[PDB]
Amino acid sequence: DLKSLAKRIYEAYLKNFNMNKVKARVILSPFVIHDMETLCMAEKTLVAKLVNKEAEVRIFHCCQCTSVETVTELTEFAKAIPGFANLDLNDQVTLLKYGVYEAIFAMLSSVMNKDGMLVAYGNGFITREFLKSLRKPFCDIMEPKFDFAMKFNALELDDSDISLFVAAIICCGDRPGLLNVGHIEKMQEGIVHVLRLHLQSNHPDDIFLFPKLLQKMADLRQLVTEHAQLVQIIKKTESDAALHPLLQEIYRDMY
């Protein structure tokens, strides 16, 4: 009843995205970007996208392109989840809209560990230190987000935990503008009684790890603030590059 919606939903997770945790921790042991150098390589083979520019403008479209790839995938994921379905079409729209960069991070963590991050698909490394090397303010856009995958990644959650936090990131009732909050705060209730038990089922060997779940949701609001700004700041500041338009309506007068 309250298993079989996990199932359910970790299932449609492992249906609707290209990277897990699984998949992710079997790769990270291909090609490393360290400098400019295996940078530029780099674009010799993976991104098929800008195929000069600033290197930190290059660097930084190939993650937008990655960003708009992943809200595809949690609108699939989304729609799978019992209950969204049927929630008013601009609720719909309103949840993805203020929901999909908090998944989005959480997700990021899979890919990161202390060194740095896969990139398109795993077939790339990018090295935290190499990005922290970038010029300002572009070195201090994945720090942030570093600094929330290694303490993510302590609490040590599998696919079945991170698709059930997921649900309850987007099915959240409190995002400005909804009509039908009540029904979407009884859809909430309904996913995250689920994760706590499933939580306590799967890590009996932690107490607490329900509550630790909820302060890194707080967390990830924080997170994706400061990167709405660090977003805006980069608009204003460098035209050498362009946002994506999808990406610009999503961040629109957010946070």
Given for the second form:
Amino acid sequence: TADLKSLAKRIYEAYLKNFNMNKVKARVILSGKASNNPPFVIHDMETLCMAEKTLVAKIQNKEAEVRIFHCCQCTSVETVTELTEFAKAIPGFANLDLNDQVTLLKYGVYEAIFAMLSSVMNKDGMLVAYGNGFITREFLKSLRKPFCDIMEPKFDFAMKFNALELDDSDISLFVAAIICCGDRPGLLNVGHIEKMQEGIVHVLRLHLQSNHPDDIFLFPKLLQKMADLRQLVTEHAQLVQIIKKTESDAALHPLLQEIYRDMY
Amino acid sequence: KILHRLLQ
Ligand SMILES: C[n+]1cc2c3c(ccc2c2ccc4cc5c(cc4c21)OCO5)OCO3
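Mind pulling up the form solved in complex with its partner chain next to the form solved without its partner chain we just looked at?
Starting with the chain above, the whole complex follows.
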């Protein structure tokens, strides 16, 4: 019904159905019990080249950074597609105007991507290529600017975000709250999105009480992480501009073009 | 418009 029990369940099931990666799977690959052979460590150009050779095997006149940048974009386009299906399964979202749906996703998706990125990041680096690769934090810092400056903010954010020790049920509700935000610029039917968000945040508060009884201040810590994401995005949008202007072989994918247009 | 399309 309008019941928060069926709201949480439907959101957790839409989360499991629609995202290829999640925290449980991430933790399993990083312990080395997912496959016969663990993720391929990418720490230098040597290993980055082995990795590209085996997992893609089509782009060797284009610079290393430009190729890595192409990959970031491919991953966003995929996750944007997963997020759109996830969104479509959120009670109430289907019944919105198409123009409101476009808005909520336009501004929602990068907050959601960076929030979920945290699940595949440890202090040392991150899982890539559907769980088959591990690119080191350091190797990324040791790229030529301005490309070495992309991920570092996301690791900073994820290190603190992961310390909250949330599980996938907690994260499902958190992504739902990011998408159903009543103050996106352009929103027509604000009052119906505010009521939708009020419900998700409410069941999120209730979910955190029962699931995380120790941490009594966890709910206000998560509301602040949503502000923090909104500002991680603006800084990243800005850094992607610098790259569009000052870099030739880095034409943005057309879907990400639309998303970034008129953004912030 | 590519975003319209995904919500198909
Ligand atoms: C750029 N990419 C995108 C991927 C991707 C996938 C799965 C795997 C990859 C991948 C795997 C190895 C790679 C190795 C590379 C590389 C890029 C990739 C790479 O650039 C240089 O060496 O689903 C969506 O998008």
